[PDB]
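What follows is one chain in structure tokens, specifically the form deposited in one PDB entry.
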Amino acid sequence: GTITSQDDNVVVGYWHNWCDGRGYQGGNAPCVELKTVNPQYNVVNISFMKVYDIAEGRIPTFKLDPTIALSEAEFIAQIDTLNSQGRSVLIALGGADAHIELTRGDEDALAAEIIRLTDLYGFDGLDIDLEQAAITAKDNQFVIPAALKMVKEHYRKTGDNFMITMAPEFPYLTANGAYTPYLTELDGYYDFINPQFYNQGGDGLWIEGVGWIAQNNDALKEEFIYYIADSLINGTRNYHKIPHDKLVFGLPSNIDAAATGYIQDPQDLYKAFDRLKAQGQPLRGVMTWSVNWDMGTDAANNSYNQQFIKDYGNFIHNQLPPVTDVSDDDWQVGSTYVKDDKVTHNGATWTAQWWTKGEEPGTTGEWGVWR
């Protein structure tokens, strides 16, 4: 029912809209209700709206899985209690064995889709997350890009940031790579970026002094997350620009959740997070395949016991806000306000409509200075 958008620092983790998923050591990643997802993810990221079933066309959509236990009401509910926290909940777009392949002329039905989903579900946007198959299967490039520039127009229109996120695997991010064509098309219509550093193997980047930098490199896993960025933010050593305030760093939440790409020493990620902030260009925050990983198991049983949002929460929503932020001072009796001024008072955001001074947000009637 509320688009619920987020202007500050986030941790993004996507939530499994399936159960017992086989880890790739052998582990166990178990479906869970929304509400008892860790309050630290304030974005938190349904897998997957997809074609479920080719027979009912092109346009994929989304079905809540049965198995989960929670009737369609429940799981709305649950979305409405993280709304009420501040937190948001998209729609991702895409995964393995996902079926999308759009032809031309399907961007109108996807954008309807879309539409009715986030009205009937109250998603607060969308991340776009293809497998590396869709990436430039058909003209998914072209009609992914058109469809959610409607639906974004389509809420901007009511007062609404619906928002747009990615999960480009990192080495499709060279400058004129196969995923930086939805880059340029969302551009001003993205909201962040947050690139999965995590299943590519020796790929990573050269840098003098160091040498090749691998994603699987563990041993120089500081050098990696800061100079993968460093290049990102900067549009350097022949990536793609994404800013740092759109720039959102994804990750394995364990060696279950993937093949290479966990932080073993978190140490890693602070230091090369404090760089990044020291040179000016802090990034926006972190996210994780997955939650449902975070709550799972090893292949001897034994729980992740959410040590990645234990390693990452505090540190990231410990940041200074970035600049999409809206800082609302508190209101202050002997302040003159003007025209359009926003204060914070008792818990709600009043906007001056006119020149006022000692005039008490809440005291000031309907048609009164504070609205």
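Residue numbers count along the first chain shown, from 1. Rigid core: the largest C-alpha set superposing within 1.5 Å between the two forms. Compared with the form deposited in another entry:
- Superposition on the rigid core between these two forms places the CA atom of residue 341 2 Å or more away from its counterpart.
- After superposition on the rigid core, the Cα of residue 15 moves by less than 2 Å between these two forms.
- With a cut-off of 2 Å and the rigid core superposed, residue 306 has a Cα displacement that falls short of the cut-off between these two forms.
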The other form holds:
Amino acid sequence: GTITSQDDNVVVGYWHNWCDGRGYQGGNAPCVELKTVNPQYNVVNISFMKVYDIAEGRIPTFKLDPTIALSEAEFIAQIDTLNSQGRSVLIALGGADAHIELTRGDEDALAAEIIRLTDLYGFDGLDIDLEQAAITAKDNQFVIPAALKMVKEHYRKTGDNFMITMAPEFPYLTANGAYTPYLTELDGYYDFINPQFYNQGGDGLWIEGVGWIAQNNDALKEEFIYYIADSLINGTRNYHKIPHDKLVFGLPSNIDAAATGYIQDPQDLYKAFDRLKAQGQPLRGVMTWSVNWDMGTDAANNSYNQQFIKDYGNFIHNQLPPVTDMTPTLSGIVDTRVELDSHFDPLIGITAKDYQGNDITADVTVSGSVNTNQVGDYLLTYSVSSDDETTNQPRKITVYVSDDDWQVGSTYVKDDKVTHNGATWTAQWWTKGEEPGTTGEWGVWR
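Next up, the form deposited in another entry. The previous block was the form deposited in one PDB entry.
Just this one chain is shown here; partners and other molecules are left out.
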């Protein structure tokens, strides 16, 4: 099939390529045919592309579990069905026990395999759902991005939009965080991120006024959803900036489906979306583990009568067409220290991308100066415009006084370099209280 890109808000559902999956409270996730997946999940993610046995090498692949009771011809046509209905089928790279340990160079193999599997099942793109171990493992943080980047271009030539999604667990999203490589490298290439806001129980964030909100807390679930969201969509509270148009809220479908992080009351999520909506940053949809557990049954053989999707689906669909955050991006801006009378180039280190990936570093302006000559703290503001939008972002420069600065009492020796009234005077012999500049043409100081 051809690549069907999802372009409106999305509900996202993982599909088990296994049967009788056991839950955290002894439920069952029966397998199910694609075409049984509730039609309001307009993004189904086939789970999982991995390495089935090491004797096929490091490059992972996908094979339908015989037990599922589906011909690969059927499977393929069920995808063509969803595709035609406007929905989208994705291959999720990873899961547990995926043994995904790529070394540098494997890019081309991964890419080619991706492209093969895609052209065969009519998949519409990939979901990076690496387990913990596999985020850092060997060269993953290089290979995987590299691969997909190539893949995306392959399809860009034809005119097709290979969908890229990721599914980091939220703690990994803290700027300077494992997934930074992925997000940074794949910027403009990824369609939208669907973090897992589950299974990191105690983890969370501190909000001024509210205190310590954690994912394991169901009294403050409204907060959690609202705050982590706001942080991510704004790059605040030590979190990477995922645009709002590209953020999707990853949730258990129910209690069997995860240890922690299932929302008891939807209102919580509803309010948070209306909140984030109110502030001008509506989210792109929700995501769950999994349609199978939603279609599943609990430890009492009671059906979870596909609740989540009932909970969330009109909710999300009745929302409004996404609007693209074409703001550009400014990386490099980190508050720095500079030595008195030292040299400082503002535009060193600074890069700027647009919304689609393109580097606009050139078009970066700077407002402010940093008078190294005088001690103090100086405030630059960087600014770049593209696609009719501007991003501005402050930067603080503190001027340190340094050892070298000439002190009266300080005994300097021959060849010593000090500083005074804006200069780096050299001594020519022992000295102790001769102000550089009061000497002469042939003075202690030079």
